[PDB]
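For reference, the chain that follows is the form solved without the partner chain, supplied as structure tokens.
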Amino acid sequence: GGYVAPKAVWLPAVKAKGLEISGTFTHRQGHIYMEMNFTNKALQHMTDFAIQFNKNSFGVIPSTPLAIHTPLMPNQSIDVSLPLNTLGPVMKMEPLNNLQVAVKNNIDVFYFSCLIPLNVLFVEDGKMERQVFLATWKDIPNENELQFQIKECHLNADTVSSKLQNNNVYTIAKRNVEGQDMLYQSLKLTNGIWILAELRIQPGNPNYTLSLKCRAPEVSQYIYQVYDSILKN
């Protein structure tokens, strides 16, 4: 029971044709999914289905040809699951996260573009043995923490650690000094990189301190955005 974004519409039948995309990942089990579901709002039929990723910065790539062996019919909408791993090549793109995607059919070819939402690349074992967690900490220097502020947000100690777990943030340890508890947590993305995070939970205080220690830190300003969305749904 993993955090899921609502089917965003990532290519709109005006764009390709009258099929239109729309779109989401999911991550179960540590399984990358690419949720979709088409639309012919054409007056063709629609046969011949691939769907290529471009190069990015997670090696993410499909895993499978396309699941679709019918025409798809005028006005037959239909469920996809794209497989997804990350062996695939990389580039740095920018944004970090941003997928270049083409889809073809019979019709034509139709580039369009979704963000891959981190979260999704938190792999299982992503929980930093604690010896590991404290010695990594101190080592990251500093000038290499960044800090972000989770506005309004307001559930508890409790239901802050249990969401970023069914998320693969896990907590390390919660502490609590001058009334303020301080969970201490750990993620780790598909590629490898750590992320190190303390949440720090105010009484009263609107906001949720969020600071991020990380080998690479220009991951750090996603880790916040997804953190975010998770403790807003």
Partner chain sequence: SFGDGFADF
The other form holds:
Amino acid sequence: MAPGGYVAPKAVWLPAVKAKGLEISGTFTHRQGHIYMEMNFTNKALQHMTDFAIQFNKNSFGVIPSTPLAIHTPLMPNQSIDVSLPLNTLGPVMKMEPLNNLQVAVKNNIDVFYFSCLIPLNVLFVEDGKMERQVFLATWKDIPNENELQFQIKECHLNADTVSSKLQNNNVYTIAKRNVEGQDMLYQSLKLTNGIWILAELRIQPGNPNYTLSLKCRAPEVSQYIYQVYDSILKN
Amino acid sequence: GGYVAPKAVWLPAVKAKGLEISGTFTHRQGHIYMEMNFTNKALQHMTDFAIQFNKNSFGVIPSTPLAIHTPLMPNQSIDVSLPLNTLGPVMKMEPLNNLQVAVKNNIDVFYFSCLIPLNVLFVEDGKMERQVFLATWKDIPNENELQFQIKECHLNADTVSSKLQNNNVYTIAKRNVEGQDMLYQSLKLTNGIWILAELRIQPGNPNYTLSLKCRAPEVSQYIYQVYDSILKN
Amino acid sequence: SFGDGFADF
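Having gone through the form solved without the partner chain, I am curious about the other one (the form deposited with the partner chain bound); can you provide its structure?
Once more the chain from above appears, this time first in line as the rest of the complex follows.
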């Protein structure tokens, strides 16, 4: 566990085979307020690479780079560079499918290449995500039960204290806890970069290698993606 | 006539040893064309032009060889109209409507990609029966429903329908609920995909909500984009 | 634009 929270390992986003020798692998981070696309560019061609630039298609959460890609030295054959690209969420918005899809165009001196990758939604959980208890109860009551979606986190053996701590490290806050007949119930909140609040109730059972995650959100389409995030945080 | 995008420089001269290609796509009387402007910015004359498309999402392929017989002189340009069909080999592209192209002349072979606006692939026979619309809209899982905003549109419902009809997007029903207009629309792609749409127009809201349902929901953003372009042009 | 190659940049 690290400050900033869970970072997935880099995955190959653009194979050298699809980009005339250019290989790009990447991941996303959220560190001290700022979001980054952390990439490694590798030149697997026999000629050097220059004139690098990046653009993102419009996307669900308005993600966009905050600065141009600035690689001021030519990327030599077989050379590899780490690139940290700061991002913000004030860019143009277009609904993606899947919801967290990000389409990226990368140009060098050779051509323009395209790829997509999936933004893990945890990088879009804001620090300001701790709901007031009074507001949680009222909001949970009001939100129609049509919006409630349930998930199972399976093969998890952490206690309620450690679950709470790991989730808090990722801006998911536990604002209340209730213990009824061997079962821990954690009431939790988080908030995304676009203002959407998600309310969670997490239930922990003994003899049960799996927890029940119940999510309520006025935009319920995000819920399944929030689940995948919880699972990753608690399995890692 | 439907929406035609302004030509864009698909191939700048400095990337193709003097060869510059400007282009757009058109759909005229049931025929698809790649409309290109070839300019010779080199010092040498150009001959032996030929074009090839890589496999692509919608099976787009030229219907004939490019056939430029007359040589192209330095600083001279020609406007070419290349007829296309959708019976070619298929491969899913990223983004979906990106097309990989190679153009050859006497100097070298050059590679570029361009954007196919999906309206050129909207077929004339795209008016759905109301009965089938209603049953299909209900049956398609709501997880396949995607919603977009057409922002700061200054068009009334009737101009919206007419513009869209000129692009083979059919309004099969128009319903008023509590002041709010709801336009129910259909279109079909050259590959047989039907898209169902509901456009909500609320008086006092210049932002219209477009809801799309399709059994291939991945096409939706591309439909929205050309839909937006049609109403802004 | 997005998807229009060199014209994107």
